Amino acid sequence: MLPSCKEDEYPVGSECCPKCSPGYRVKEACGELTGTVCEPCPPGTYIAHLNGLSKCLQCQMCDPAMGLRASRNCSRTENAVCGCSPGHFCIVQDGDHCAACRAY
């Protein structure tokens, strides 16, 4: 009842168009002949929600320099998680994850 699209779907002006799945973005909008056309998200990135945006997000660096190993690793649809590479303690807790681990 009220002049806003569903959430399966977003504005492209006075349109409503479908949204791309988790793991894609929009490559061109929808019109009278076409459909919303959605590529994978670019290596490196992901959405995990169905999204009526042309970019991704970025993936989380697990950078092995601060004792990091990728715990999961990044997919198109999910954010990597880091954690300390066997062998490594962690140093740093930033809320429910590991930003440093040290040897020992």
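If you superpose the two forms and keep the largest set of C-alpha atoms that fall within 1.5 Å, you have the rigid core. Numbering follows the first chain given and starts at 1. Compared with the form solved in complex with its partner chain:
With the core superposed, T34 shows a C-alpha displacement of at least 2 Å between these two forms.
With the core held fixed between these two forms, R25 has its Cα displaced by under 2 Å.
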Contents of the next structure:
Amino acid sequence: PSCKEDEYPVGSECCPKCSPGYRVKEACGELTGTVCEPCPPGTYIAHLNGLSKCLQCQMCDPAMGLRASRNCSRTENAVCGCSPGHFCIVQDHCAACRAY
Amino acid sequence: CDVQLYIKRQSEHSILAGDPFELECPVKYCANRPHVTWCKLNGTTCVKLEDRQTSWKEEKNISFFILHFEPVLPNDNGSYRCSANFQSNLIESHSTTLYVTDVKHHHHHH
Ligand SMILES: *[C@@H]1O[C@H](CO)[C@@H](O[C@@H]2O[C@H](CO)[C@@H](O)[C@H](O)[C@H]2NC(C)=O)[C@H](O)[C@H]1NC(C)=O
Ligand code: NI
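Moving on from the form deposited without its partner chain, kindly provide the form solved in complex with its partner chain as a structure.
Below is the whole assembly, all chains and molecules, this chain first.
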């Protein structure tokens, strides 16, 4: 339960979180460290994590007038913005654009 | 064999600023030695180290990736972790915590 900022709960004891871009494959022991594993294509994790599965990449459907202002990598989510000559019509960030 | 890092949970050391000191991250392997690094924890991020630096000491069936403190400064307080890349995977060790006493500003009255 009482885990530091960089540690996470497994059983009754704490454990080293995996780096960004990696998921938990095998849990630590008293003397052994945490085995981490690259996020599969089309997934990501942005922070230190004790996740056994990576989060899904945001999609930017061009049919909704969206261009990716930034691509999805293992360490970063994709962020959708509007395509050339388009303005936002659906809001956290933009989910659809119309043309001028 | 299976690669793994053998720092015990809640490892800690108590040392004097001014003296030399080595932390030793025990690495197990057999075929190819994995690329290991050390990093100091500052909260969320583990920031990697490269200025006063590391080296290997190889034993019979277990080696040691060593972070050298030459000498230990007062600001070297904090938690440290070694990480090992082996065949695309990544092993994150239990952290070890240095409690440095600032001898310059520490005084026995007696
Ligand atoms: C996101 O990645 C895509 C694909 O890698 C980038 O689009 C490519 O842009 C390059 C020019 O740098 C061209 O060679 C390709 O033809 C483009 N591919 C497609 C299908 O669009 C895009 O520019 C990247 N965006 C950012 C800002 O990272
Ligand atoms: Ni004293």
